[PDB]
Amino acid sequence: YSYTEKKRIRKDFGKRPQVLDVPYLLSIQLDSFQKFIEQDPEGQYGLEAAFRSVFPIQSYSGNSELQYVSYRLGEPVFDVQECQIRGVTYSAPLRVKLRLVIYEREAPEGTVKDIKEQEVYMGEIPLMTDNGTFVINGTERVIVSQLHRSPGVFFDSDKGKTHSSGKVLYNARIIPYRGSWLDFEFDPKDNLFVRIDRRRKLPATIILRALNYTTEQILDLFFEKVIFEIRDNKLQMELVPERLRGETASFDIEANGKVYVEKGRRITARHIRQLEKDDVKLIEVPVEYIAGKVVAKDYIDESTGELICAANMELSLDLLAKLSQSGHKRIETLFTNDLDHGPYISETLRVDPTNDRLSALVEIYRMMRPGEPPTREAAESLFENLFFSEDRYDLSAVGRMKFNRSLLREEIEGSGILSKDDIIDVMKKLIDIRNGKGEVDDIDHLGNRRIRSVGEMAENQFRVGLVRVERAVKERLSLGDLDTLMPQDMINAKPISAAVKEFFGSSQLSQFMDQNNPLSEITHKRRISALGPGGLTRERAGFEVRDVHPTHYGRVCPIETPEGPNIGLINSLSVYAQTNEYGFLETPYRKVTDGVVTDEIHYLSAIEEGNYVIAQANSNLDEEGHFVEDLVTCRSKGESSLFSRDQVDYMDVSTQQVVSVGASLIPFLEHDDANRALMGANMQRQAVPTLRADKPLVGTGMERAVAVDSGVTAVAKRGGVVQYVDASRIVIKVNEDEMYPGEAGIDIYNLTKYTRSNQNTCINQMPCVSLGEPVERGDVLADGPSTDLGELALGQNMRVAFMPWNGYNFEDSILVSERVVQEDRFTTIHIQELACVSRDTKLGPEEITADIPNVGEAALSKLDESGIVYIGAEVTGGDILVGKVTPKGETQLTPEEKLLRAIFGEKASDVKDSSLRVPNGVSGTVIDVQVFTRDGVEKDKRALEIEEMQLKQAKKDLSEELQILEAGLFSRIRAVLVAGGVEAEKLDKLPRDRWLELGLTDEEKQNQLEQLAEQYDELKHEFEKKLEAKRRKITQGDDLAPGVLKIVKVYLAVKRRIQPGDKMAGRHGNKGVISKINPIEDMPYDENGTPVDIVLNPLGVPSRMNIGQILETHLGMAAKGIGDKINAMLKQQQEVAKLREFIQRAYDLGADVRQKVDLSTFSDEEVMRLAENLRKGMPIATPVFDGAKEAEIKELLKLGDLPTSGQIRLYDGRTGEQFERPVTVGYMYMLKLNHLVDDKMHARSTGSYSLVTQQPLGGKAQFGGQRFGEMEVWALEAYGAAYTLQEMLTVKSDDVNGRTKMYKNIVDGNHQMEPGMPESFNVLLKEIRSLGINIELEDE
Amino acid sequence: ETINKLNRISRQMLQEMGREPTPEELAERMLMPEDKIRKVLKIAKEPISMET
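If you're matching them up, the sequences are chains C and F in order.
The first sequence lines up with residues 3 to 1342 when you count with the deposited numbering.
The second sequence lines up with residues 458 to 509 when you count with the deposited numbering.
Treat each hint with caution, since some may be false.
[What the hints assert, rightly or not] Here are the simulated DSS-like cross-link-like pairs (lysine-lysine), alpha carbons at most 30 Å apart as the crow flies:
1. C:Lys1051 / F:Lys502
2. C:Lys279 / C:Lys227
3. F:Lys493 / C:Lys1035
4. C:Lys1262 / C:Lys1242
5. C:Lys1191 / F:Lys499
The set of hints was computed from the structure by calculation and includes no laboratory data.
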């Protein structure tokens, strides 16, 4: 077992033993970027390879070359945490050694001077956190792995809809990793066409001519030969018996004094066998048989010296008699069949406008760049630069591989550019497909689908940077002088900087990590997308690619995918899934040799898995693991059916290996329909953390692996005892077996405290260990938000009853008692970050000064001398968090205000109040205040206060570290001295610092003493720097935007319990909205008088089929039962015996479940604590498909003295009388979505408007009016409410006079409207009349 | 022209200075009051397309 597994244990039902445990869930994200940035000895993908691609860069013929030596990543400017505060990017400097060589003109190549410039900084690049996240501006962000069509050759069909004929079509497409696409396609006339990209269509052969192929050669490529012999007189023919197949005899087939075939007699296998064994190498044919046959090569008269017939031309009884008299004996003709071997290329030539290489190149250049005059150098350079350029083209490794593999080649690796043989082979294959041999692959198949990740894309971006800078290098090297410049003046910063900064900054893939929740983060980091650059779009792709493919098994989750605009264009990574070496997806399997199912794991990709017969995770094997039944359910090639006892090569690794980490957290999933299951696994990521993280009452067993593998918790790096435990920090003393010889050391984990998340929720760690407690290597030291003892708790369980309660639960709406809002269990904490901008206008600078025109003493009280709110001061909507004032000259009043100001003696201030007020309606406590001052502007009072405070706090925080670490080290030295030098009492007497001056007998112990000291001083000096830098980074003015003099960031912590209108659901996809909060008095109770927490609606259950939501209720009930029993025995303090007995009983449950429980545990100090944590309930694990069973749940119920029915009599808290029939009651885990009404509720009367078109628009976060759409208009039309409509689209919105002229009448008590004309139509009048169109309003 | 003159010295100090010369350390290299940087660097930048 383990350590923190002593504090609690989940009861694990199910039979199937885990053959392979769950790996690191964050695997992909980390591994990828781990490959991107790294020093790679070779051209394997990485910054190295990216460099080696475009480099070296030489001037155009100028013999001045710039090559690349090596690169390095300097230490980050700010650490992960500091950078999260300041708001900069967590990034490392890119320092690269470049070399500029100037070749002495007139080769041999040797250089006059090569200046090797030291590392030149181009840009900084983002870094990945241990949690697989990036921080762009003070915010954790994630780059979603992309899934797209892998580079290579692709043979499609496109039948049906095309041309309505039904003759179908066949198209091939060569798609590289970069560069133009090469398409080959047929048409109804069987003419082979080719196009680059999506461009103009061209007859296929025209590419071959550009490759230097004459007609003769093309015909030599795509057609066999039929040899004719004019021997004696009157032509004969060579014959291979297989040729005659698929045809009926055109004449008398006879030779060798024996007539094999007659006319009108089709040639079957019989005639073929006869002619075959008889060995007929020659047959005489009529002079008329060549009337249709097409000549292969050219032909000329030796005498006349004229062209008799061009290559690829139909022979006639005329031309034949023309070339036969010339002496020609042999004539070559294409071997053509309209069934077996199709004459497509021959007919392609007849559509070919071109003749030679040049003409082809011209017709191509006038295709790619149509309309501009074609040139030789142009048409050459283009065609060479398209598919043959090492620069502008590549398939990469995946591309070359899939290419050769789909061409049935041998070599899995080769060049990134096409070869003549490549293109020609692809054409040959397309032809073969049209001929009836060979199949067509499909895009949806996961074997044709690749998966990128952060690293690849980052590499692509940095690459684009390198090319856009390459142009600059070659540009400057044009006119450059000798030693005057260096590889600095050329290479800029921005080209790399903004290039990578763009990607991480704005991309549909790059996005703010969704952090409300551990499962949210972890399921965001494992996510795939067919969208973004390189992929398709929502409107682009249809349902096909969206749909779950059979290949998605063990790779993609069939359930958890977003439901909406993009469905199936995202999905999620399966639990055990891995990115293939090439970047396909591969899944764990169990190799079955002979008749035994072996526990040896194997990784098969989408293509690898294809022919193999795979058994099922749900199957029965006993002892040595032989399949019980002689017939076992298995899926083999694309399909699934019953297979013979031993026909199988493989079996499923686990029960959960089909689903995803999110879908694996749904208990009794096998009992839920896939729709509502999707809804559930989608909503579970929307769970907001709670104030008291509880625990799942009904589990799976992934709840540990999730919270653990995610960064929310803090795991121990090494095992040992805890020296110190604080809500702030945790200090572990490292065990000797683990700990390194030098420096000794004790692991110090600094815990994260209350701080803002990306979702404006609260993220706060808490210590789960006590002072001086033993820990295991890799154990949970401190939990996170919504995490309990290593297990993931996304919400809180509670007492649930199914019964209609006076309609208050009517729809999916939920009715909850007051016991829940009282205990503050469902309460959540929110952290809002508000900012105040001090800018500069031509009218004057803005002041943050506390001196504000027109404010009360109650407003001025909450602020200090500097105008900043005190830390810890609780505020509500309208309070002044930060004072601000902006200069406004010449108030420019009217006589009424002139008289008013004259009488009341009020000087109109030259300044307007710009202060940042608390958003209306929200109320919280100020936790933290930050001040960013422009470099060079004098720091204000509060600024200095904050600065010095941070200085002292940093001094204490670093000093404490130095102290703990040093005491720990000296202790280790003192430990070494007593071995070989021993004086125990006599040692610690003299000053500690003196201990260093001591020696010891000759031994390795004298060396360790050297080490301890050698490292001591390191930590001694490493203090200085760690202080100095830390000091300076507090002092330096943070860089700001143009015009902003300083910025005050205030952090507010609001606490919201729960109220009607909030949305909360279960993991089964049953939504709900709290309707009323009912008194405990009116709450239905049982015979024990215990009120029920929540009353749901039983009507929602049958229609939306999730029966799991009931099972979770039943089991949970029984589960809590086992809690109460223990809670009794603990309250009655029986003994360590009875408790052990009952606990052992509960951990067994009938027969045949893998458990492995106690009596190893210490009889008192251990067991008694386990029961102590179990008194709240008995946590139960129900694996996805391996989960619990009816009778098991019922038996556990019997163990809890609860009924089998799971239904207990209830009583109305009002009349007290019984409810007829029982009601299902129990415990259901309920989350709380972040959809709380406090955010959702909006309203407006008359707000600010828009400048362009006068329309309602929120300026102050005072929400602009609701949108009235065309349909919403049709409603009013149908009703026939005319004035409602008019005012709706005129006076309440678009009418610039109407709005105010209305408002006046509104206050005056007169309800009317003087509508006028909406500004939209007026604007349209001006817009139309701006053109040559005269549009007027007429009549009267 | 006077703007370009700043765009010049901005580059020499780019990677040489680590990140880049501070907003107030340019015009020292120029001959002028050193305040011009703010105003000039402000009014210069072309307006963003209202249709962005």
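A quick look at each hint next to the structure:
Taking the CA atoms of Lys1051 of chain C and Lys502 of chain F, the gap is near 28 Å; set against the 30 Å cutoff, the hint holds. For the suggested pair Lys279 of chain C and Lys227 of chain C, the alpha carbons sit about 22 Å apart, so the restraint of at most 30 Å is met. For the given pair, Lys493 of chain F sits about 28 Å from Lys1035 of chain C by alpha-carbon distance, which is consistent with the 30 Å threshold. For the hint linking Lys1262 of chain C to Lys1242 of chain C, the alpha-carbon distance of about 16 Å falls within 30 Å, and the restraint holds.
Distance hint between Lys1191 of chain C and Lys499 of chain F is unfulfilled; the C-alpha atoms sit about 72 Å from each other, more than 30 Å.
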